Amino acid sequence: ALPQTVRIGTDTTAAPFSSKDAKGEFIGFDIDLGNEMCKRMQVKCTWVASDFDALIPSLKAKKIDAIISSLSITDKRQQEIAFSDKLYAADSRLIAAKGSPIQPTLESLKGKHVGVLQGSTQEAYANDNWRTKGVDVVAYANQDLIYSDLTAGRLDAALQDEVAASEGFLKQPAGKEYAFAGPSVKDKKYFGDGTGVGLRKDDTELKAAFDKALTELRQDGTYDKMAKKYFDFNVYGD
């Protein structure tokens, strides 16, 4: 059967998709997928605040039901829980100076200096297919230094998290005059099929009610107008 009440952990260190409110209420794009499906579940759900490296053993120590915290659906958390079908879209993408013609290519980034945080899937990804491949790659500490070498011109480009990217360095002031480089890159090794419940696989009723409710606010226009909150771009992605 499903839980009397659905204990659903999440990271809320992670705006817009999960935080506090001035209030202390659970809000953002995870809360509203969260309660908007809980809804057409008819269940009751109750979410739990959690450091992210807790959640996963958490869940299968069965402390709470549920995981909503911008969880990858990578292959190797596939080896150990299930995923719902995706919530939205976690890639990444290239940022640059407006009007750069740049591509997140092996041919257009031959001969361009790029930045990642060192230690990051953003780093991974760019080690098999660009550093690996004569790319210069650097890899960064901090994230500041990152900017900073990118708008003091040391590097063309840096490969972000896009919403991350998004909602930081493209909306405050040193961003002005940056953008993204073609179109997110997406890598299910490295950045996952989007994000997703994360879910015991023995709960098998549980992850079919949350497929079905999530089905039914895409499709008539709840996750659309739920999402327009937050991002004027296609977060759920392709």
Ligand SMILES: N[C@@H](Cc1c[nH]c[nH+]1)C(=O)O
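Got the form deposited without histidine; could you also share the form deposited with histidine bound?
Chain alone follows, minus partners and molecules.
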């Protein structure tokens, strides 16, 4: 007994997963995965653009029915919502100007201005480990503002999902002066185990339907073919 229409919230400032084209249409791997799952679930879907920090509150308030927005599956979030099976892996990594000495350490970052998406796992990590100890962690409503402040020289660095930074910024016109600063930062507590569709905990049938559709599109190679549009590596992980 699925609803006729499933409302999916997403933060469209995370190319190549979720963004808007020049005419305002939603594009990216998350959008492809969502549309493909909806097709297989035989439901209509409405995409809803939202600031990232509003997605979980909107889901709990029933203003949307699902989140597909590179939403990392973390222990903390499991206390509040449910998740589909893994959509893809997502590690975090710092970016800074090319030639910057910056590393993802307190010693390197103390007093420096570091941008993070408000509501993100990166904000949680940076707040607990960096802000408490004297890094100027600045939290933003969306990632476009982060990249804008970085290129304006207002930020020294920014922490976000690695593949989004690489494919959506470093390899794009705006990010040519920038590069990764240090290696990815893996931390089981903060960063979770890949991303998934966020769902209300009581929506057991909707979860089962998303899980079934995801399995199905992985089984028949649709996942790999869609992924190949964006990535020359195994985005799913393990």
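Residue numbers count along the first chain shown, from 1. Definition used throughout: the rigid core is the maximal C-alpha set that superposes within 1.5 Å between two forms.
Core-based superposition between these two forms shows that, of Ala61, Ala208, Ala179, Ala54, only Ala179 has its Cα displaced by 2 Å or more.
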